[PDB]
Each structure stands twice: as C-alpha cells, then as structure tokens.
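In the block that follows, a single chain appears as structure tokens, in the form solved without the ligand.
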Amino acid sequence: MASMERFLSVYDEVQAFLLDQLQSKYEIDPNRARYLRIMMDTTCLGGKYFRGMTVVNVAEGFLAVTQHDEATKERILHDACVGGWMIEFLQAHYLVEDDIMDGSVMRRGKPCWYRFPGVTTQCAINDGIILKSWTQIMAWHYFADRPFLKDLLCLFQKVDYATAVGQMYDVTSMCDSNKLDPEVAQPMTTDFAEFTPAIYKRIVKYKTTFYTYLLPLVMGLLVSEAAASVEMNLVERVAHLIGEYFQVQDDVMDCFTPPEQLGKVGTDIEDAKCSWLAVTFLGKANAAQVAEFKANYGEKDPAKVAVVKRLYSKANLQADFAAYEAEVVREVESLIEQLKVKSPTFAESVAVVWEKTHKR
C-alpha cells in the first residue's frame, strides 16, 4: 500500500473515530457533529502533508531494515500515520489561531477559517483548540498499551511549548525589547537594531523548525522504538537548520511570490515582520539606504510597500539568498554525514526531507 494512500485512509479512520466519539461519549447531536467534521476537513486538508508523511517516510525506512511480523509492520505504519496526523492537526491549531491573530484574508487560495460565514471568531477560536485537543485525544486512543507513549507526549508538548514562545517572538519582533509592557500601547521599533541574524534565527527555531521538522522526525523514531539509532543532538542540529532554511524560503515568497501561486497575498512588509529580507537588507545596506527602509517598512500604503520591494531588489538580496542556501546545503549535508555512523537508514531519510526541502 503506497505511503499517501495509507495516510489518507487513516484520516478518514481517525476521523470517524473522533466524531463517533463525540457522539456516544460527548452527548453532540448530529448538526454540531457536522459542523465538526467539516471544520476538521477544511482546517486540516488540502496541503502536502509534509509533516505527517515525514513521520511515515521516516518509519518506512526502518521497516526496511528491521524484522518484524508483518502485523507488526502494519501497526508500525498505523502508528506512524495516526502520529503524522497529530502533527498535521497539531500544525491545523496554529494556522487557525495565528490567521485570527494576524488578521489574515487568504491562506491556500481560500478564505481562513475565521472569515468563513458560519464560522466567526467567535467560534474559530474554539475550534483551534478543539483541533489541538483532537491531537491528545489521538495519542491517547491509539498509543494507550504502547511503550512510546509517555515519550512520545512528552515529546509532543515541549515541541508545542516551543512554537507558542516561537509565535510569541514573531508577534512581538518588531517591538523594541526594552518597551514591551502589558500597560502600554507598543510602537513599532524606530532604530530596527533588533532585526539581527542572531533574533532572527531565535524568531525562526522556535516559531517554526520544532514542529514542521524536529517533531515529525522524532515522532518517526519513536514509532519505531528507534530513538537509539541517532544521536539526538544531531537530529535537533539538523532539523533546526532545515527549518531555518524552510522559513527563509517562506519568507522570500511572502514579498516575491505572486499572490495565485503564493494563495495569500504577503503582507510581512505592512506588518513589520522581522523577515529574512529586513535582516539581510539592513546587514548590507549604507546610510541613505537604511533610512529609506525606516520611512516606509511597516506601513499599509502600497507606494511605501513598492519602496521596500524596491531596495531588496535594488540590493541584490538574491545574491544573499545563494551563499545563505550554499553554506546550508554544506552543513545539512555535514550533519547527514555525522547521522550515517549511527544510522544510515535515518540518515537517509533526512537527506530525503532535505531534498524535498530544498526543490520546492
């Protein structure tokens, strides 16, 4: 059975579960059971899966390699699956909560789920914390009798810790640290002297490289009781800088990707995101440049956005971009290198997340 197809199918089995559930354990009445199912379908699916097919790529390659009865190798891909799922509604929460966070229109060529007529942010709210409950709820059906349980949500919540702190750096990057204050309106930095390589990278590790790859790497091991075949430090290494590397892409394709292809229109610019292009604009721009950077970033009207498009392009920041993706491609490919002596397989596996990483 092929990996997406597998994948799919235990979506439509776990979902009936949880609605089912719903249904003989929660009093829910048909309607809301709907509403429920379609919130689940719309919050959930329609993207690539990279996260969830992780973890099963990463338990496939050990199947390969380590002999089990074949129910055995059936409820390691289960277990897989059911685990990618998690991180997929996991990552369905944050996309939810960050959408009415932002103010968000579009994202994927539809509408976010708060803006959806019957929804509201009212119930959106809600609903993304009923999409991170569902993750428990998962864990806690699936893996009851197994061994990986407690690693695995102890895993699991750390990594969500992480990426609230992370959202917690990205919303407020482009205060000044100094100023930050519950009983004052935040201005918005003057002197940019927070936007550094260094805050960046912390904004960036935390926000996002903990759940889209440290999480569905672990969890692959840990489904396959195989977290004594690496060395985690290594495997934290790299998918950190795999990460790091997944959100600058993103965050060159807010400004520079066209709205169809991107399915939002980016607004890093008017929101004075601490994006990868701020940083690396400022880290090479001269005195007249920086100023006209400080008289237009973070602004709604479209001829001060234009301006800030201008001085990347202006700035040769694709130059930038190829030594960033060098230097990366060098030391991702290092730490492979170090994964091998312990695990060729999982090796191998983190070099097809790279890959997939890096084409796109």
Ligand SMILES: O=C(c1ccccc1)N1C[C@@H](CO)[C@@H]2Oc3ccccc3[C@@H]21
Second form
There are 2 protein chains.
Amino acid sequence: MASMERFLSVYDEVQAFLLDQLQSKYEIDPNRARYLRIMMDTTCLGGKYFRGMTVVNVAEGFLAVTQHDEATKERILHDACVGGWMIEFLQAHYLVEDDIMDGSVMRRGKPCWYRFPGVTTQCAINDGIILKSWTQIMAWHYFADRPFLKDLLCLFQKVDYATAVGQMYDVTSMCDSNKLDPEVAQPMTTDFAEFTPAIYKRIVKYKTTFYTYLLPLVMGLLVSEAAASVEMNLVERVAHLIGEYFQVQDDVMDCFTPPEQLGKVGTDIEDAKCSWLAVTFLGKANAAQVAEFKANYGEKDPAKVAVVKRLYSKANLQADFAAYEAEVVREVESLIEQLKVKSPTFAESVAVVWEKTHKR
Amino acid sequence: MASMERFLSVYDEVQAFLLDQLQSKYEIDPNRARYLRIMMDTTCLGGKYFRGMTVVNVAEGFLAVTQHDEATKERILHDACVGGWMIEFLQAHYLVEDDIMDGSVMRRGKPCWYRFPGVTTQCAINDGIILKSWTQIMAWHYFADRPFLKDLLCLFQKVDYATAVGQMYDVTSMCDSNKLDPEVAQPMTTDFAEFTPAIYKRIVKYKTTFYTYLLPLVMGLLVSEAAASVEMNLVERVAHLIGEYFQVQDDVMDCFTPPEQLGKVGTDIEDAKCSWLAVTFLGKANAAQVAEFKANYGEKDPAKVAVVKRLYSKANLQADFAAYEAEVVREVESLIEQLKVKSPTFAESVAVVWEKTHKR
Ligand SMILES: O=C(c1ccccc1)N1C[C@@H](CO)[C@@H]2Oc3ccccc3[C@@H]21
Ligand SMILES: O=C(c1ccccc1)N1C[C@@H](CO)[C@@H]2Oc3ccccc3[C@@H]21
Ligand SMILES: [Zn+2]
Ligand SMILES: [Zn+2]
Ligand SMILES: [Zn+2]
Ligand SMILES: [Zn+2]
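Can I get the form solved in complex with the ligand as well, since the one above is the form solved without the ligand?
Every component of the complex follows; first up is the chain already shown.
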C-alpha cells in the first residue's frame, strides 16, 4: 500500500471512531455529529499532510532495515498514521485558534473556519478546543497498551506547550518587552530594538519548529521503538534548523507571493510582525532607510505598506536570502552526516524532510 | 496544617515551578514571565477553590482511616493539592475561553481577562491555551513516578473532552438541531421544542458536572490509591446529580440575583439559553404564556427581558424549585447511603460536597 492512501484511510477510520464514540458515550445527536464531522474535515483536510506523512516516512525507513512479522509491520504503519493524524489535528487546533486570534480572512484559498456562516467565533474557539482534545482521545484509544504511550504523551504535551509559548512570543513580537503589562494597552515598538536575529529565532523555534519538524521526527522514532538509533540532541538541532528555514520562506512569501498562489492576502507588514524581511532589512539599512521603515511599518494604509515593500525590494534581500540558504544547506548537510553515524535510515528520512522543505 | 493554607502554599510552589521552567527551558524573558504570572493569578485565583479543595478533602478523609508514615501523609496531601490545582487551572482555561466566546463583560466582579487593556482577545485565547497546557506540565512533573499517573491523565483527558462537548451542547442549545449547518447562519429556534428536561440535563451533565464534581472526587480517590473503596458507577451518579443541582441554582441566580451579588449582569434571557427557568416555565405554561415567551425571549431589548422575568415570577417557579430540591435531597441521600457500604469516609466527603452545594 502507498503511504498516502494508507494515511488517508486511517483518517476515515479515526473519524468514524471519534464520531461513533460521541454517539455511544457522549449522548450526541446526528445533527451535531454531522457538524463535528464537517468541522473535522474542513479544518484537518486539504493541506499537504507534510507533518503527518513525516511520521509515516520515518517509520517506513525503519521497517526497511528491521526484522518484523507482517502483522507487526502493519501495526507499526497503523500507529505511525494515527500518530501523524495527532499532529495534523494539533495543527488544525492551532490554525483555527490563530485565525480567530489574528482576524484572518482566508487560509489555503478558503474562508477561515470561524467565518463560515453557521460557525461563528463563539463556536469556533470551542471547535479548536475539541480538535486538540481529539488528539488525546486518539492516543489513549489506539496506543492503550503500547510501550511508547508514556513517552509519546509526554513529548506531545511538551511540543503543544512549546507551541503555545511560541504563539505568545509571536503575538507580542511588536511590543517593547519592558512595556508588557496586562493593565496597559500595548503600543507598537517605535525603536524596533527587539527585531533581532536572536529574538526572531526564538519566535520561530517555539511557534513552528517543535510541532512541524521535531514532533513528526520523534514520533516516527517512538512508534518504531527506535529512539536509541539516534542522538536526540542532533535530532533537535536539525529540526530547529530546518524549521527556521521553513519560516523564513513563509515570511518571504507573505510579502512577495501573489495572493491566489499564497492562499491568502499576506498582512505581516500591517500586523508589524517580526518577519525575516524586517529583521534582515534592519540588519543592513542605513539611517534614512530605518527612518522610512519606522514611519510606514505596522499600518493598514496601503500606501505605507507599498513603501515597506519598495524598501525591501530596493534593499536586495534576495542576496541575504541566498546567503542564508547557503549556510542552512551547509549546516543541514553537516547534521545529516552526524546522524548517519547511528542511523543511516533516519539520516535519509531527515534528508527527505530537508528536500521537501528546500524545494517546495 | 489547615487544608486551605496547604492548598494555597502549593499554588505558590507550582507557580514558581512553571515560571522557573519557562526561564530555564523555554527561553523566556522577565517581562513575559511577569505577564504569565499575572495572567495565572488573575485567572486562577479569587474564587472559592471548591473544586481543588474537594480533592484535598477526599484525600484527608482517607488519611484519617489508613495507616501511613508521616512522609506518606505529606506526599498524599501534596499530590491532592497539585491535583486540585490541575482542576482549578482547567476551569480557568474554560472561563477565559468561555468569556471570549460569549462576549462576557465581567466575572466575579472583575473584568473578564480578555478585556484587560494589555491583554486583548488575540493574546487571551492563547493565554487560555497555556492555562490548560500547564495542567499537563504539573502532572508530568509532580506525578512522574506515581502509580496513579496513567489513570489520572486518562481521567483528566476524558473530563476535559466531556467539558468541550458540553460547551458545544450549550452554545448550540437555542438552535434547532435539524438546522445546524456550518454553511448557514443559525436562526434561533421559534418552537423551543428542544427546551426539554432530557436536553437540559445533557447540557449540564457535560458542560459542568464532569469537571466540577466527578473530576475532584475521582482525583481524590486516585491520589489516595483508594479507587477500590468505591463503586465508580455510584460516584458517577451522585456527581451527575449534585452537579445538575448546582447548575439549576446558577440558572436561577442569573435571572434573579442582584448583579453586585452575582459578580456580573446575567444575560441568559437575551442569549436565549436553555436554562432551568425556561425549561420549567415551558413545562407548566399555558398557550398564551408560551406565546408571550416566544415573542420576548432571546432579545437584547430590556423591555422584552423584563416581560420574560415577569413571566417567570408570575409562573410560581419557586414552587417547582422547592419540589426539585426535595427530590434531589432524596436521591443524593440515597446515593450517600449506597456509598457507605464500601466507604463511609468517601460517603462523608460526598455529604460535605452536597452540603456546600445545597447551602451556599
Ligand atoms: O538570513 C540571514 C543570514 C544568516 C547567515 C548567513 C547569511 C544570511 N540572517 C542573519 C540576520 C541578518 O539580519 C537575520 O537573522 C536571522 C535569524 C534567523 C534566520 C535568518 C536570519 C537573518
Ligand atoms: O425542577 C424540576 C423538578 C423535577 C422533579 C421534581 C420536581 C421538580 N424539573 C423537571 C422539569 C420541569 O419542567 C425540568 O427539567 C429539569 C431537568 C433537570 C433538572 C431540573 C429540571 C426541571
Ligand atoms: Zn498568528
Ligand atoms: Zn506567515
Ligand atoms: Zn458560555
Ligand atoms: Zn449561568
């Protein structure tokens, strides 16, 4: 069976399980079951399933070099699918809640969930709660007797938390830290002193890299009972590096990719986000350019946004991007080499992860 | 040591733990640590701590009849405190997110978290996420080697899920079930055919009773390694009964308790909630009264809300309330008797739970 069809089949299985359980144990009625079914589909399906498929790919790599009964190979692949769906549902949770938090309009060329007419924010916030709760229901049901259950729940839990911490770093990235205070409405920074490499890296590491790259890789290891074929500190380092790169690309596309291709109208400039463009721009700008940036960034006014875009184009950031990319290729290659020592298989899965990120 | 001072001390301990861990492992800075500290205090403190103190009270009951080393008694009490805080933090999560969902203005005579000037909905939604994530951090840290860890995590997880399902039942309680559809903006019911005893009971059982009464009771059992002194089906039945009563009282107060005493301006009538008042009213009204109710319920207009209030006063619901109360006293007493068979101690803790609910 091809991996994707296995993964998609398991979605139908897991869906059926969750909805049958709501009927048998939670007293649900058919219409509310249907609402949840549609919610699940709308929020969890239609992306590339990169995250969930990474769990499957890591597990397949181990299967090719480890002796097992056929039924064991099936059980491991089933588990890697369930585990992959746990990640996809965790993402779904964060995309639902993030879109409400940010007042986002679209996602993947469709309206954000909360904007569907029969949803509304009042329901959507809870719908996103349910999404994450379903990850735990999946784990407890499918992995009840598994030796990796403890480690998988503990890992999931740390990654979820890291992600919410990351979200906090992100939403607060345009405030001055010394001014944070629940009692006082928060001004946007005027100095941009916090738009640094170190601060950017912190936002991205927590907000994205733990759930997008560390969790799929380590989950594949856990369902394969392979966590001793790796040095975990290498896995962490390479995850943090590739994830950073992913976000840098996402940031560039927010400003420069046509909305029909992006699946949304990018607003990082108006939202005053700590983007790779803004930090790299401020890293090379002269006094006049810095001043022009301050006068126009973080404003909904299209005139001011076009001024920021012009400032980015004029500042030749494509060159800094090529240079960053070179350095990431170097470091990722180095880490892949170091991972070959203990597991050539795992190293190859990481190479694939990197190719899929680097090319897209 | 008196139970409350132990419980409050453990809050400071747990706080310190969480915030020290953010600094040592999550790269947090002092100002964001302070924001989180203030968030935690604001959202988790200042209620009666009924839920968390129930875990402590159940555990103390067992201590009085079970032989243990002093250090064991301390360890059990510490665990019951941590477990109680897990529940208080879970509530905090749900109150933060519910207040945003409902556009609530106050809670306990203070502004809802999301309305603090330096919070905003964008941060508050994530703050409520963090709140729940902290329950898991607490459990994994404090209960890492405990024999009850699995059962406690699995129970917590089921109660959280039940609660979010309950939230869905609640927010959708004024729609006609056959009309639920993410694609279509939802009209309020015109027939009120779903304002029934069975439907009300379902909302309350899931939205409130699992986290307010079942979880504190069973958590006390788990931290005491006492789950075999009880018949779990009795524990469930008595929790569901007392919790229902709690909600019925809450519903009456929403309409009839002065706002300064309530800690908020009640809006169940304007929000078209499936309240005990509306279901009991529709259970005894004549055709004219039903029609007047339909013409005025679920509208912000104060004139229409006063008409609904007048309809409730005129319909002598205090009498139905006294009758309900009598029947609950009966049934709770019966269940307490049945629980004395296996554990007089546990039965007494349940009696206390009931006294504190029944009197308040
Ligand atoms: O893109 C690069 C880069 C790095 C190494 C070699 C060549 C280019 N940099 C360095 C800083 C320039 O302002 C920016 O901080 C960053 C933090 C994380 C990821 C990326 C960047 C940005
Ligand atoms: O309050 C009572 C009651 C019950 C038993 C004896 C005396 C009074 N009832 C019965 C139904 C009247 O419309 C209401 O459905 C309910 C569902 C749950 C809790 C409470 C009620 C309400
Ligand atoms: Zn966001
Ligand atoms: Zn982006
Ligand atoms: Zn609510
Ligand atoms: Zn209420």
